[PDB]
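All protein chains but one are shown in place.
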Amino acid sequence: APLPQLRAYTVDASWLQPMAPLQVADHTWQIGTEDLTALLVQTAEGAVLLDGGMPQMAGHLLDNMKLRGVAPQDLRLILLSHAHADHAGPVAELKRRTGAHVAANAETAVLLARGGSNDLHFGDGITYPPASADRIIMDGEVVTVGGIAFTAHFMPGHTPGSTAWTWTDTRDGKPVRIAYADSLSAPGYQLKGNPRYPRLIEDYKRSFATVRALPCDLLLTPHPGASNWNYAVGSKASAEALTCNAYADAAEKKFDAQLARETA
Amino acid sequence: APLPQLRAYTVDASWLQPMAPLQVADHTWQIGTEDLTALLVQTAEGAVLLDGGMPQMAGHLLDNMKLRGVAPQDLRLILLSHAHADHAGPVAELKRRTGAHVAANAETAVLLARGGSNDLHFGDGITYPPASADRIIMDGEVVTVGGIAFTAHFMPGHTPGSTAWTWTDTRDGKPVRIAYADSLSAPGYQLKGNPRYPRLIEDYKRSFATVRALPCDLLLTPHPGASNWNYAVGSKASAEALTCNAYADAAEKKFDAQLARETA
Amino acid sequence: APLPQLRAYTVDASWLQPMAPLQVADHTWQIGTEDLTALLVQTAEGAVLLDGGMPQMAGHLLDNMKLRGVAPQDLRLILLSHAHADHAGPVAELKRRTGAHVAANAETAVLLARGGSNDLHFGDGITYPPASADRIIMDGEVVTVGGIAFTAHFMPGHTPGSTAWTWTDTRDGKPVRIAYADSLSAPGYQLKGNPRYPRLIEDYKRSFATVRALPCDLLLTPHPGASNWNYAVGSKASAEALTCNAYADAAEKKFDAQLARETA
Partner (left out) sequence: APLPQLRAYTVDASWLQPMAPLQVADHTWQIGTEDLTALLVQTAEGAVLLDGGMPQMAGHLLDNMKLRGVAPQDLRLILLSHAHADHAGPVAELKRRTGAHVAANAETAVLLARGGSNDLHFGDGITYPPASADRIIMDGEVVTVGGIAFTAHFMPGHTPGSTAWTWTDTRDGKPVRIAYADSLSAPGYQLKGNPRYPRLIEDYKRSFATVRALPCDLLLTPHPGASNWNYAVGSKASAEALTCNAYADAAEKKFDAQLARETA
């Protein structure tokens, strides 16, 4: 009776289905897969990438960047929602090939440093190549790249270092407030009485309130299904998209019902 | 046509076959699996562990330590051959559970820090939970734990931070010189003209000469088959074991023949 | 006109005045200097150190530990208030000499990793030898060492990773609730409108409320003068000591008055 073999992190086939760069705003593009958000912001002084998806999406991200006229050396900064394998995967490879920097808070940095290992809920289940953060950011700190200001918003819950990013773009001159809120889900988490996360419920409840008060005209999420986005249809992607109020309120109803069954 | 899924590091069933602590010397024990060496040295001032095997062997290593009367808090130091997944796997977990420290050279430390990712030959193929080295050691530096002195010997080749450890034990009072030499194999390595390892042949040839001149009465290797060890038979394990001269000479003949076919 | 020379972090002569181990409880001792708190907790399964003082206090801390019958290998864990040079100094040296581990939250870990450099308020003014945290702890997480449970309490303000530690000891059988609250001061900090710490006032106000509700029968602080402690008199040290309510209320009055003059 030998010890069990290692098990790879296998996901849905749609999480790895490549797609052409979809336009969200004048300067905002979606260059990830169909069911994994990877946003690219093009400025006059460089490019910014928000999340990267699965670790094997590094070649796909660089393919779409060159379709947008972005060279590897043009990627100046990498921002992350939370440091999980399905969002912060190719960060280690994109730093080696793009000369880019990574900005994240302390909790996302310590999780990114150990490649998602020793997860508070998953343990060593979703390990990815480790990367290092080059700039530590705080709650409400503004990050400016090429005239575009990215404001951070701490929304801890899914991970201790979950961060929502808000920035203002344009749609043919008309300004648009874009808010990239992180996942408000707890799949299989022990909510009440967790010794690894003693204040998990408090942070989740406080995150529901933070997501509602986000300056937002167009909401996106790391998983497009969480915000009723459909990257596949293309032009009608943001048709049935939800609001910040609708997103936080729907995520809170699932949270309380899950917390209610946990006590049972 | 989606992107390919992640692939787990699967090994032979014998690499994960647990075994009872096998006695090598008065203070030296083998607490790993049948085809993966994990040595335990028991002293009056603590315990020393040399290598740990596959990442899923952490529970097995702690099981055999308690069979030897070693508590988790008694493990003072962890030494490594080279920082690969099949030898330096459970190091991250054993540091969390044993309060132990890790001593390695700079090359093994930088490889252990990124969990084997960006391997010079394997890339991101054999990623394991990342660990940190607490003490940087140099070539020939002596590490003393409880009156037992561990002398390091740099033998670069398999990895840039490959290290052979030599220490003197006893066999009912009679002293025994034990040498734990690292792997001298290059499975699938590009030997000549490697841009990631330009001086690979020089380090390999210089390592063959370093292994021969090791003070050794009983030679062990991270893979027992490389030194003609058979942990399964038990008492007759060290019967057909090879010498340092035989180990280095046999490994050099395979190296030159492999290098000869590479040019073809 | 050459560039200015480097300037060392010079403190008061009383911060570096050694003293004999002062007894606080049955298992709690003060082994630092006269005006720098360094607490030692002796258990049946090891010793715990809370803070270490100035970087040059490493030899003094080890001197008092041996006076308490504590060997270097007996120090199992190191806990910190905040990762500044006058409190987390000798941590890098004590890890090399004691085989101990360091537990801290993510913010204290990222600050300890860069040796206090790039401080949000001091910059590169108070750089100390960098150390690494071996275990990341969360708000309210319990850390047990030898039957004594240390509960963490996040009180951000002085540093983003400021932590108050609470544990229950005895005084000849009678239990005593000890609370080691961090500094609630902001010397020279820009409170309102700080781009490096946008939510500084909110964290300070929320920390005043967290310090009041701490389970405490005897309050200590990293600076004994902040809690009206006098390590010099010895037996009458805790005579005029303040309560958690008195400490938080007095620190809040200085904070609001400082904030009021900042707007002027």
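Note that the chains take the letters A, B and C in the order they are written out, and that residue 1 is the start of every chain.
Going forward, a contact is a pair of C-beta atoms (placed from the backbone, for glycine too) under 8 Å apart; a residue touches a chain by one contact, two chains touch by 3 or more.
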Sole residue of C:46, C:99, C:115 or C:160 that reaches the chain not shown, by the stated touch rule: C:115
Among C:124, C:202 or C:262, residue touching the chain not depicted: C:124
Hidden-chain contact residue, picked from the options C:25, C:48 or C:57: C:57
Where the unshown chain meets chain C, residue by residue: 2-11, 13-14, 16-18, 33, 54-57, 60, 92-93, 96, 113-115, 117-118, 124, 127-130
Missing-chain contacts mapped onto chain B: 105-107, 109-110, 120, 136, 138-142, 160-161, 195-199
On chain A, residues whose C-beta touches the chain left out of the figure: 45-46, 73, 76-77, 95-96, 99-101, 132, 134-135
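By definition in this document, only the chains that are shown with their structure count from here on.
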Distance from chain C to chain A - Cα centre to Cα centre, in angstrom: 35
Rounded Å distance between chain B and chain C, as computed from the means of their C-alpha atoms: 40
